[PDB]
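Quick setup: one chain, the form deposited in one PDB entry, written in structure tokens, and binding and motion questions come after.
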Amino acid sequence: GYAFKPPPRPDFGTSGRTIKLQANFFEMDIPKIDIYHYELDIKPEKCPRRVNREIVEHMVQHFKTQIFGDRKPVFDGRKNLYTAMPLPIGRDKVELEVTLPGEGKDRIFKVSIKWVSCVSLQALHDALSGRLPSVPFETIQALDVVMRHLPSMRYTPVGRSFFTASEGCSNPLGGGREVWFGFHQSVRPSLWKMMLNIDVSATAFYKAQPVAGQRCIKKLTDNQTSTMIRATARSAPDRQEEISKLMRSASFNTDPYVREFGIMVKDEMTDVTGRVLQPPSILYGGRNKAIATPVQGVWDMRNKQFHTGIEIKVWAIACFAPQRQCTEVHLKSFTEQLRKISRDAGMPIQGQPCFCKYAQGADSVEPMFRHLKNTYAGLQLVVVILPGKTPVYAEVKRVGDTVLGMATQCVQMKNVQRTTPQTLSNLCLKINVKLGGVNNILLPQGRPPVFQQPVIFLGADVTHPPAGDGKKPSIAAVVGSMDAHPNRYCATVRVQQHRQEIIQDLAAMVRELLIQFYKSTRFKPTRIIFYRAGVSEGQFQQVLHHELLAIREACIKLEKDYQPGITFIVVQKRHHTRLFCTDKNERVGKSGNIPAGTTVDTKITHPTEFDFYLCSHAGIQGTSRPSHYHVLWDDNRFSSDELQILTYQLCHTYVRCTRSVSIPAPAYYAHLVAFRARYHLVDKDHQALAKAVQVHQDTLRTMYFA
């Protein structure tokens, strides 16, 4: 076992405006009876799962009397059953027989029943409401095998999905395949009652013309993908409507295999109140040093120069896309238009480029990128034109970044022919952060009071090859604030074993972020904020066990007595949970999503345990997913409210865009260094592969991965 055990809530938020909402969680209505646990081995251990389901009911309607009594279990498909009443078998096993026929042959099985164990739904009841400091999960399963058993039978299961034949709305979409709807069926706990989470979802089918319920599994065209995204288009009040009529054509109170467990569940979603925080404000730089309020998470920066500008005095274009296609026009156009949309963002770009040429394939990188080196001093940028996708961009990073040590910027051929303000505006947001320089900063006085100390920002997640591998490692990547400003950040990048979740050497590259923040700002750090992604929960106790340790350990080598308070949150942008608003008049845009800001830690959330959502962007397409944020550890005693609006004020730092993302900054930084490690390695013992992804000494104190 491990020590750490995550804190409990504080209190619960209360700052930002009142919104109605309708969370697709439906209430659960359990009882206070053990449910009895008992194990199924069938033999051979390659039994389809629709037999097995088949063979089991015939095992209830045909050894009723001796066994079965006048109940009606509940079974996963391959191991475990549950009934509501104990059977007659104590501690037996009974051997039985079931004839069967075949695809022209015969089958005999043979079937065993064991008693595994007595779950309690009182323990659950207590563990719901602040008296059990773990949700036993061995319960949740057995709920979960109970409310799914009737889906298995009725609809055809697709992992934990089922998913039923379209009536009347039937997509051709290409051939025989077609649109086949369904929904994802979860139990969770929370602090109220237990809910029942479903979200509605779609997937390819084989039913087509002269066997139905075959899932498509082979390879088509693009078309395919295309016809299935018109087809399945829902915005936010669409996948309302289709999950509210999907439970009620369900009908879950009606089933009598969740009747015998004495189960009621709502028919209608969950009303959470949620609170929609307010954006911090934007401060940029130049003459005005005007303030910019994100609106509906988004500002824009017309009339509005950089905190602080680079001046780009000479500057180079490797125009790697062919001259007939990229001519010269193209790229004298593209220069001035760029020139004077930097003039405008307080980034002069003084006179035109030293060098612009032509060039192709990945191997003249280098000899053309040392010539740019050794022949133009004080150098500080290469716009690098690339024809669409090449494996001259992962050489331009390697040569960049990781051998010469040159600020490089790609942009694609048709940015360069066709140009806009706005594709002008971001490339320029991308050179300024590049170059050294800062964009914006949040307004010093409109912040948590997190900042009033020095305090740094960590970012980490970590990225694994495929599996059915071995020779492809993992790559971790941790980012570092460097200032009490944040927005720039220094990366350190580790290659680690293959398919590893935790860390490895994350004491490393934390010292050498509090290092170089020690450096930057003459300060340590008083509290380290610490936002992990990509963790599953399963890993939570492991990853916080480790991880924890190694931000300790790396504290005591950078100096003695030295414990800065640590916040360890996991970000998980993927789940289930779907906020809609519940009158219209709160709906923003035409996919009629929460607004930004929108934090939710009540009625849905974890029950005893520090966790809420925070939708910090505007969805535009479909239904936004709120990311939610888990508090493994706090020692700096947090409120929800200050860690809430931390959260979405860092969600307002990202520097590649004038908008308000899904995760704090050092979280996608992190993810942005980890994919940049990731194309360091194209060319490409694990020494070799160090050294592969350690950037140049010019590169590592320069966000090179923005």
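Throughout, rigid core stands for the largest set of C-alpha atoms superposing within 1.5 Å between the two forms. Numbering follows the first chain given and starts at 1. What changes on going to the form deposited in another entry:
With the two forms fitted on their core, the C-alpha shifts between the two forms stay under 2 Å for all of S152, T402, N197, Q516 except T402. Core-superposed comparison between the two forms: the C-alpha position of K357 differs by no less than 2 Å. A movement of the C-alpha atom of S536 falling short of 2 angstroms is seen between the two forms when the two forms are aligned on their rigid core. After superposition on the rigid core, the Cα of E609 moves by less than 2 Å between the two forms.
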Contents of the next structure:
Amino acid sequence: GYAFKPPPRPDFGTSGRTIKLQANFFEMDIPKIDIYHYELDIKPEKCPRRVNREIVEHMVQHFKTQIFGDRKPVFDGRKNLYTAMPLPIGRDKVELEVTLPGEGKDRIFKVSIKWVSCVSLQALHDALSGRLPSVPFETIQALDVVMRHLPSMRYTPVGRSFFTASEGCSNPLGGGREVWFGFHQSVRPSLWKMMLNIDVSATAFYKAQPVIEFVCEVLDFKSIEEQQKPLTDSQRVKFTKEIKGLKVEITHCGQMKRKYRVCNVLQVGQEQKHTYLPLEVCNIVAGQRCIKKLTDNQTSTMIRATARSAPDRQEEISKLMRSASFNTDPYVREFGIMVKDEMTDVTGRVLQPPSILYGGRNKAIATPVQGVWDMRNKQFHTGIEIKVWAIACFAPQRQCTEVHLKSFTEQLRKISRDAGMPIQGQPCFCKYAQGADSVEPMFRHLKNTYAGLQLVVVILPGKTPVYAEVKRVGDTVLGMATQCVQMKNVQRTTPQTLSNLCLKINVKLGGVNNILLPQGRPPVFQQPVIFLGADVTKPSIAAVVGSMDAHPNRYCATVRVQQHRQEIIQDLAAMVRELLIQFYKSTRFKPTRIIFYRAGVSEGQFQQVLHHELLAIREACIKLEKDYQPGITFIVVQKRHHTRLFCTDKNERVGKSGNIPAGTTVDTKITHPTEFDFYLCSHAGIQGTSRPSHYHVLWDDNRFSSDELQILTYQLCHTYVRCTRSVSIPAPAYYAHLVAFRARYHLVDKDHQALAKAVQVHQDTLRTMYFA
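Since we've got the form deposited in one PDB entry here, give me the form deposited in another entry too.
Left out here are the partners and the other molecules; the chain alone remains.
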């Protein structure tokens, strides 16, 4: 039924200079054997995943000769149990009773092992060979979890990651926090091998040491003898918050050991048993995190403990590939899996960054220095005659101050005359309001008093719903376009920092700031073209931005509100109806090429977002004007993945980060062959960072060649408003993120009546922006 699939890729890329890169991939030889599948029905399910792993280890170490023998399984810690060899258990569902011995009451786990399937590895063989259209994910998770279970004992796995132990090292941080610098282990398909994907993770952990030192260090009370007088109930309530939910165990029973469960306060387990453990006998076994409670400065320095440069990331993943030694891993090499520790050789395509045209008096050309360029006193295309405008500071009055607002305004108009704006005069009204209570009479006063008001400036303290109320009022009620600055960019200013604000408020009303070179433009630009971008984000968010003209700066935005915990677009018809009628109003020309975008989508949701975000635009385009179906170039970006690219022996080291140069498209040998995709990194040296941006283009209507698509997408990265810094993701996707957050705030002041009473967006703002 789901025949509305992404098309196969028509042609590989050949443009630009070809580079031989070293990706974040590790070559490995995968055999043709079939991995079997078994299910674990665990009773009870109140125990966590680590307790399940310990009990499965107990029944291999206790019932070796009956279920397994020398053939041994591999384990996914919640339900799944895979094995490369044929286990001697078969169809027989043994409801094995795990008997951990105890003080009278033994810990009884009722687990049943049942054969489910024999997973054919020839399916993934046909997948990476290119003769299958789509790569299966169940078999890629089986190949992932082949290499989990032996490192599951040494590194306690949560999510799809690993949490390393202190291999001869130590780390204190304070407040009961330590960093467990493991790694995000993954495997991704390719052409030749299903090469491994290792990225460092480096998260926090709540250690594996008993609760005496915990009450020594977390409550900062190392001795209770000095605290002779007891405190109030607050330490008891904090004890109830923190101590409950952390598993302890006994060690006062000789060789007989077991693991206990904590649900009451320390009143371990039920109150009807005879095993109660005070603070002097509790021992916490590893595997406990995510129930953390501390201030965020430890989180920030823990983020610093992960923040590593790209050559440092090369050395760290190379050290991890040496020290963990997955070829020396016993059950992995018993499973027929061996890896190649050496970094791969991948063939890529570095791109010439396109020369842009800015208009104005000179109309000369500026070229990017590997994805980055500055205007540097070069006038843009269409400046806008700003005559009357207003300031409505909705921060408290001490923050937005008068002489600093005057110097911000003056340096804004002076750098905007340097960049080519005819800003006429000071703003007429500079009012200093308080908050979300009284937003409406002064907005009515600004609408009725100053006729033809062009822009209103709003100053905000931070994340607060006076912003939410002013955005809802300004884009639904009466209709002035609201641009918002915080004082953190007003108090400290640099010419870049306010030049980019003047070019945000340039396009806020509407105008053209940049145009690509007609010689440098792809042949899509010889026809009219609509650049579209979607975003899914307390009801939830539907928000889509489309452009206005062939000159790629003028856009406009739509907002709707949808039900929560849903990441689909369902009201797309009204959105792109408004976008294409505003295109028709803007240029008197129906655009011929649709360039769709969406930022931040899950990898498994692609067929459903294809189903609801291209059939909806098709039933909208039959509703706008008859015999009008422009070709859609649907590009779905990812921006969060564990797949990196590293420079070839530092041949072209750029920046202090040491990452790869900008535009380095890689489609062969590490990207998925069988579908329509490419990697792209349009970045520079920032913070110490290794990254691409996976532009998995999900639909091309007329099936243009991907050589044109990648250079058009690189240009569209260099058609942002803030194109002064490399924006890495083409412009309507990031506009869509802004307008998505806008729809989010549009409904916070409060079935769907509260939603339906504040969605009637005004006609005086849908021609303008409310997001940049």
